[PDB]
Amino acid sequence: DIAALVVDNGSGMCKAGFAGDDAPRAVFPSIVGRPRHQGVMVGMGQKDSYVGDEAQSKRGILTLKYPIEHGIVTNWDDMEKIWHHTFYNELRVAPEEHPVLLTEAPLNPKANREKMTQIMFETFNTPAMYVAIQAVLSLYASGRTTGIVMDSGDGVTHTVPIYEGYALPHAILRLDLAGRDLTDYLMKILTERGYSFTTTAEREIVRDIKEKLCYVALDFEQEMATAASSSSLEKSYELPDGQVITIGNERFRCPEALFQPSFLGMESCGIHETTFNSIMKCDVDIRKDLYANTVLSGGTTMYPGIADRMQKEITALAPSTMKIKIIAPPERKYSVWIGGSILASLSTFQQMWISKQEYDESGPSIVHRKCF
Amino acid sequence: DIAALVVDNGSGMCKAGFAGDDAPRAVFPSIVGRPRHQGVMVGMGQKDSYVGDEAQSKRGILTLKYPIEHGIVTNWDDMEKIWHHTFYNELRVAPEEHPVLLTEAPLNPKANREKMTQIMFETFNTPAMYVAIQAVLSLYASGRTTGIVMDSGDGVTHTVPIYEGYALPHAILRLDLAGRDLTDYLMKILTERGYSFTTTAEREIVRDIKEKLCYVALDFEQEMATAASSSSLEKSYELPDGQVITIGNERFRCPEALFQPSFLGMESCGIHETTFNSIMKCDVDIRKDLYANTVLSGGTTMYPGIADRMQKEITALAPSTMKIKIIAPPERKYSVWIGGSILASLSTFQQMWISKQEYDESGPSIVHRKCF
Amino acid sequence: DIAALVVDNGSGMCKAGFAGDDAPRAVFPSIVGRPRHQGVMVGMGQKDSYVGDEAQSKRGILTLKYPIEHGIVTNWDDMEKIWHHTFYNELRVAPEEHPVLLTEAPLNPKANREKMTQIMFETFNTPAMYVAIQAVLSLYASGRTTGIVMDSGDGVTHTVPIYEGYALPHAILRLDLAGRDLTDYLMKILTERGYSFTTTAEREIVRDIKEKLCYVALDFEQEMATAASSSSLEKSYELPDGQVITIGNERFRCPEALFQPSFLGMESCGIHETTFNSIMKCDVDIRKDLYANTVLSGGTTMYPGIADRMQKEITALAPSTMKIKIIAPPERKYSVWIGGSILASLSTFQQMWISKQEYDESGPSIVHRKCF
Amino acid sequence: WXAXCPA
Amino acid sequence: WXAXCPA
Amino acid sequence: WXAXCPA
Amino acid sequence: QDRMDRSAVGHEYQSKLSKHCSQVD
Ligand SMILES: Nc1ncnc2c1ncn2[C@@H]1O[C@H](COP(=O)(O)OP(=O)(O)O)[C@@H](O)[C@H]1O
Ligand SMILES: Nc1ncnc2c1ncn2[C@@H]1O[C@H](COP(=O)(O)OP(=O)(O)O)[C@@H](O)[C@H]1O
Ligand SMILES: Nc1ncnc2c1ncn2[C@@H]1O[C@H](COP(=O)(O)OP(=O)(O)O)[C@@H](O)[C@H]1O
Ligand SMILES: [Mg+2]
Ligand SMILES: [Mg+2]
Ligand SMILES: [Mg+2]
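Top line first, the protein sequences correspond to chains J, H, K, c, d, b and I. Position in the first sequence (first residue = 1) + 3 = the entry's author numbering. Position in the second sequence (first residue = 1) + 3 = the entry's author numbering. Position in the third sequence (first residue = 1) + 3 = the entry's author numbering. The numbers in the entry's author numbering rise by one with no breaks, and the one at position 6 of the fourth sequence is 6. The numbers in the entry's author numbering rise by one with no breaks, and the one at position 6 of the fifth sequence is 6. The numbers in the entry's author numbering rise by one with no breaks, and the one at position 5 of the sixth sequence is 5. Position in the seventh sequence (first residue = 1) + 91 = the entry's author numbering.
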């Protein structure tokens with residue numbers, strides 16, 4: 004009896020669990036904290052680097068560094084620490100007895116998959132592994148075979164149209180614009196009130212302000228006048244030291260960067276146009292099914308008002324006789340992991356693993372042939 | 004107990020049924036669909052090829068090809084799949100229990116009916132069979148015994164004169180112009196409006212616009228001046244995406260290509276001059292009855308206004324003493340199959356089936372002797 | 004004195020000059036730049052307008068827009084500016100004293116050339132004008148009168164056969180796969196190395212990389228093998244800032260799409276198969292001379308080793324006895340314009356000019372009457 | 001374009 | 001067809 | 001990234 | 092929860108494949 008491990012490892016949050024469950028076993032931010040003071044109370048649990056939750060509970064005295072920026076692992080020593088903490092401390096299972104199903108964003112460099120496989124086979128010594136596109140698992144979990152997945156994680160936002168199970172890789176779109184950019188833009192617009200957050204341990208406080216207070220306005224040019232006329236839109240927040248801030252207008256100007264990336268100084272089109280263009284890249288026949296099966300996923304789409312605004316946009320963009328339905332369940336914060344656990348448990352999948360024998364025969368260059 | 008199987012097997016669209024009925028049991032386009040992308044959800048309906056109706060609805064991710072091109076079977080490995088789908092899926096009857104009546108276009112290459120018979124016996128193991136001319140069956144179904152049949156399907160057009168039930172092989176006229184040549188000319192002329200259909204999936208949309216909006220005009224120059232004078236002929240059609248295209252003048256420019264093949268870069272004359280020369284090739288004594296029983300059949304002749312136009316042209320070509328009657332049955336889309344069924348139900352025809360033991364005597368070449 | 008201007012106005016790069024010269028006087032990338040940032044200083048230059056090399060220079064703060072796309076003028080408010088700039092700022096001559104010979108690809112929207120004539124006769128007040136196909140210009144630029152012009156700009160590719168000066172419209176073929184599509188495919192495949200280009204400004208960098216280091220393979224699979232086995236097929240480019248990047252396997256993967264459009268997901272045939280089909284649509288008595296006088300042209304057929312590849316392909320497709328010769332002049336990048344200037348220096352083309360009063364008496368539709 | 005393809 | 005015309 | 005964007 | 096919207100439809104829902112008149116006969 005061996006059961007695969009489904010380990011997401013996306014930017015911002017790592018979610019690991021066993022294959023065949025309805026929820027991830029262990030979710031924790033994918034950070035690594037280096038202590039930036041020299042403490043002399045030796046023997047009290049001192050370390051050289053704190054991983055995951057242990058970093059947050061100490062973020063006051065640490066420099067938090069994300070090993071994955073925009074879907075790309077910029078530091079592999081830190082990623083090995085993340086994976087070791089996932090294997091031996093959160094799941095508490097030896098990796099050499101279970102296959103591992105990792106996920107990746109589309110249009111990433113091939114070195115990312117190459118090193119993922121090399122690490123999973125030479126360091127953790129797993130018997131088998133796989134690498135899946137996240138927006139495909141986000142459709143597996145939704146119980147579908149036709150639809151356009153709009154996956155917006157913490158660091159990257161990509162759209163994948165699939166029809167009857169046949170993906171259209173000539174219409175997969177990617178946009179390096181996600182929670183981490185919205186959190187760095189809120190850190191900027193908060194200075195207009197007088198609030199100055201600069202430390203990497205205050206980027207977390209700003210990310211909390213954003214994920215607790217901010218919402219997406221259905222009409223930006225009207226909600227601006229609303230928040231300008233009356234104070235019936237302000238909300239107060241209590242920092243972890245006592246001070247209180249209040250934010251009335253920033254609430255919907257933070258996630259509005261998703262629909263007007265020019266706010267961040269980016270030429271690219273918003274997420275609604277990113278989805279619409281990715282629909283209109285397909286064939287004339289399958290566009291109607293892609294319209295009415297628009298799936299959402301990832302944490303960045305957990306904004307109150309995201310589905311209403313997305314529908315209002317893609318309806319003013321689509322032909323007047325097409326019905327748009329934004330499939331947005333409240334369990335979309337972890338749809339990719341559910342899709343992974345569904346895929347890893349299937350019987351017809353048990354031949355799609357990359358076996359250790361296969362890796363020993365062709366090195367890390369194999370992950371390009373097997374993994375779609 | 005047993006009943007013969009009548010399969011039209013015409014180019015472009017396939018019809019099939021049981022001998023002795025007034026309607027074909029199953030009609031399905033002769034399209035072989037193959038996936039041109041690579042599926043990413045394995046186990047959710049992966050099939051190497053889709054045939055018939057399943058190759059029409061799923062055309063968004065398929066490349067579709069026609070086994071028969073200009074009446075000649077170009078891909079026998081696909082004709083085998085079409086025949087298998089006709090036997091085992093649409094009718095759900097085994098071939099080893101019923102005779103099979105195939106139909107062929109006149110002046111078709113020698114190996115065509117030979118390989119037809121060979122495949123019928125060596126693969127499906129049919130008890131008896133026949134290869135009848137596609138045109139002569141239409142006069143049978145029309146309820147007459149003298150006249151010239153004008154059979155313009157999807158791949159071949161042909162005018163065949165028959166008197167007293169005996170065909171006149173010396174006056175058979177064939178024209179490679181057909182309904183698929185009109186589809187291709189529409190795919191060209193539609194660009195002048197600003198529309199682009201070039202994909203095999205979109206050729207089906209072009210065929211649907213053709214058989215829904217296009218119509219033969221009675222005086223092409225007068226209708227051209229009507230369109231250039233005031234826009235009152237334009238019609239709106241909605242693609243499966245929801246765009247609202249608008250074809251005006253282009254309504255009759257497509258069917259007119261039947262009467263003037265110079266629009267398609269062809270040298271031969273129109274269908275009216277074709278019928279005129281075919282009739283004037285017939286014996287002088289019988290011509291008096293020919294001009295009275297000129298019958299249209301097949302799909303492509305179902306154009307709005309083709310009857311009046313054919314009558315005007317042929318009576319302006321033929322002398323005024325002659326009586327021109329363009330008899331157009333209101334169900335001429337299946338007349339070939341109706342006539343095939345009528346012929347197959349005859350006790351006299353129960354001796355005209357090329358039997359298996361007869362096939363074993365002289366090889367497939369036997370088909371050249373029995374069939375007229 | 005008084006002469007006739009020649010303004011090619013192909014996609015990507017607009018060419019212009021005076022009739023008689025052997026090179027276009029003013030050639031510039033036909034774009035329009037628009038500032039996406041708010042100016043703050045006094046002294047800065049023009050706003051809402053940057054055309055040609057001027058826009059190319061300051062592309063670091065602009066969004067670029069090609070008014071022509073796939074051969075169809077999408078935005079006339081910018082094409083008018085392009086014409087104004089090439090008239091008053093590059094050729095430096097009033098446009099009310101010279102005829103103008105514009106070019107248009109075959110099988111284009113009629114309203115395109117209608118609006119072209121309307122703008123030429125209503126804004127710049129030219130005395131006369133004329134619009135020709137680029138292929139006819141290319142063949143008239145090779146001095147030949149019997150050949151199949153294979154032209155490939157940045158937005159269109161077309162094979163047009165011509166025999167004894169007579170153009171055969173029934174065999175004119177136009178594929179939409181062209182230079183900008185190759186640029187996009189290069190932008191997409193460069194991500195494998197880890198080089199992300201997503202801005203319309205960096206698209207220029209990618210295009211320069213393409214036309215500087217990309218070469219089409221003679222044997223695709225063999226080149227792929229040699230590239231995967233050794234590093235003797237890796238070139239280095241230097242970005243504007245000063246960084247150096249390396250491109251290996253991509254070098255021939257980028258142009259290979261012209262022969263295998265399936266790389267872009269476009270389910271169609273390559274350019275060599277397009278040439279073969281456009282030949283096989285001609286009369287049987289002229290196919291050999293067309294096989295002998297295939298001429299190339301346009302800025303998308305200058306890839307090293309493309310003539311030999313096309314010759315190998317056609318010879319593989321064409322019959323053995325037929326001889327194949329790919330006439331590839333090493334000046335084809337401007338050949339069409341050269342043809343333009345040539346067609347402007349013939350006493351036989353000084354009467355085919357659409358006069359001003361001729362436009363007044365019948366309106367813009369006269370372009371269809373006089374021009375073919 | 002208007003129908004089919006963008007332009 | 002084999003000669004003249006495609007089919 | 002290596003060229004374009006940081007990562 | 093409370094992040095579901097008025098125009099949001101649970102993944103539990105499923106539409107049917109596209110059938111346009113170009114797909115019948
Ligand atoms: N409820 C929410 N409201 C607004 N933003 C959110 C919410 N949840 C997550 N986010 C944003 O999205 C990111 C979390 O998405 P997540 O699905 O964890 O990414 P990944 O799956 O790549 O780890 C965070 O960076 C945060 O800024
Ligand atoms: N009213 C119509 N207008 C134009 N084309 C038609 C019409 N009806 C049928 N057709 C065309 O004629 C052909 C059908 O003829 P059919 O009798 O089925 O012969 P086949 O079996 O060879 O297709 C198809 O190309 C179809 O689109
Ligand atoms: N030597 C070359 N090799 C490959 N591509 C080239 C070369 N020269 C120009 N190009 C490409 O051709 C495209 C447009 O040039 P061209 O086709 O001449 O414009 P036009 O379509 O107006 O003729 C550009 O994208 C450019 O990169
Ligand atoms: Mg995600
Ligand atoms: Mg027929
Ligand atoms: Mg050009």
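Don't take every hint at face value.
Dumping the calculated DSSO-like pairs for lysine-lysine here, alpha-carbon to alpha-carbon at most 30 Å [stated by the list, open to error]:
1) K:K113 with J:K284
2) K:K118 with J:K113
3) K:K61 with J:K191
4) H:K113 with K:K336
5) K:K238 with J:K113
6) K:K373 with J:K113
7) J:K191 with K:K50
8) K:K238 with K:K113
9) H:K191 with K:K50
Hints were generated in silico from the structure; no laboratory data involved.
- Below or equal to 30 Å on CA atoms is what counts here, so check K373 (chain K) against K113 (chain J). Violated: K373 (chain K) and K113 (chain J) sit about 56 Å apart, past 30 Å.
- 30 Å Cα cutoff - pair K113 (chain K), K284 (chain J): holds, 25 Å
- Pair hint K191 (chain J) and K50 (chain K), alpha-carbon separation not exceeding 30 Å: holds, 28 Å
- Task: Could you grab the alpha-carbon distance between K238 (chain K) and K113 (chain J) and see if it respects the 30 Å cut-off?
- Result: holds, 19 Å
- Straight-line alpha-carbon gap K238 (chain K) to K113 (chain K), limit 30 Å: Not OK: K238 (chain K) and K113 (chain K) at ~45 Å, beyond 30 Å, violated.
- Item | Hint consistency between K113 (chain H) and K336 (chain K) [alpha-carbon to alpha-carbon, up to 30 Å] | violated, 50 Å
- Item | Proposed proximity, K50 (chain K) with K191 (chain H) (alpha carbon, max 30 Å) | violated, 42 Å
- Message: Need the status of pair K61 (chain K), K191 (chain J): alpha-carbon distance at most 30 Å?
- Response: Holds, at roughly 28 Å.
- Query: Has the given pair, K118 (chain K) with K113 (chain J), been kept, meaning a C-alpha gap of at most 30 Å?
  - Reply: violated, 48 Å
Violation of the numbered hints given earlier is confined to hints 2, 4, 6, 8, 9; the remaining hints are satisfied by the structure.
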